[PDB]
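One protein chain is absent from this view; the other protein chains keep their places.
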Amino acid sequence: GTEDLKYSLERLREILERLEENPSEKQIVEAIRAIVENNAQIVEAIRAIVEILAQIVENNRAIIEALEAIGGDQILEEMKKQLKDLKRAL
Amino acid sequence: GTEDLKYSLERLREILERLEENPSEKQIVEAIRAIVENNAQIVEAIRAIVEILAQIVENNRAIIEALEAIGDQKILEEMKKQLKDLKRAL
Partner (left out) sequence: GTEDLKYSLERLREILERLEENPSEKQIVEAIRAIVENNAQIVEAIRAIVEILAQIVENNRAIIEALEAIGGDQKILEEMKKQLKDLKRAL
């Protein structure tokens, strides 16, 4: 979600600059509230990346199965082992 | 920029200690500005990750094409679909 993030950060430097110009307890708190919103979109993006990473790994296994189908070097064992490791990591 | 991040975070843990030692409106504001810098570093790292996830998907497609050339088609259809879906997410 790069687009949403960059707008979330652009909003931050502004809220920051506004805070820096006229510091206030309320201005500080509003600045913190904005930061928690930015981290919420960072987390949502990170969570999305992992979902895509798992989708990639699911695709690789289908490729290795397709390579084993047409007589790939039983090399295929080590690679599918990588996938098992990757699947566990995620 | 994993290394750059690690340095960015530890700079933050320091300011947090400095802040907590002598809390001050100016020290709090400095701590907030540093967090934005960290968030900007995190956002820049994420954008880099998504650019790489796209490069992989491009490679998976290229790999599948090569697989289809040397002969099966149903699996090849299933794989290419997952690839298109992944390009959709990005």
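First chain written, first letter: the chains are A and B, and each begins at residue 1.
Just so we're on the same page, a residue touches a chain if its C-beta (ideal position, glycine included) is under 8 Å from a C-beta of that chain, and two chains touch if they have at least 3 such contacts.
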| For the full complex, which residue in B:49, B:76 or B:90 touches the chain that was left out? | B:49
| query | In the whole complex, what residues of subunit A lie against the chain that is missing from view? | reply | 25-26, 28-29, 32-33, 35-36, 39-40, 42-43, 46-47, 49-50, 53, 56-57, 60, 63-64, 67, 70-73, 75-76, 78-79, 82-83, 85-86, 89-90
| field | Absent chain, residues of subunit B that touch it | value | 2, 5-6, 9, 12-13, 16, 19-20, 23, 28, 31-32, 35, 38-39, 42, 45-46, 48-49, 51-53, 55-56, 58-60, 62-63, 65-67, 69-70
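As a working rule, only the chains that are shown with their structure count from here on.
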| query | At what distance in angstrom does the C-alpha mean of subunit B lie from that of subunit A? | reply | 5
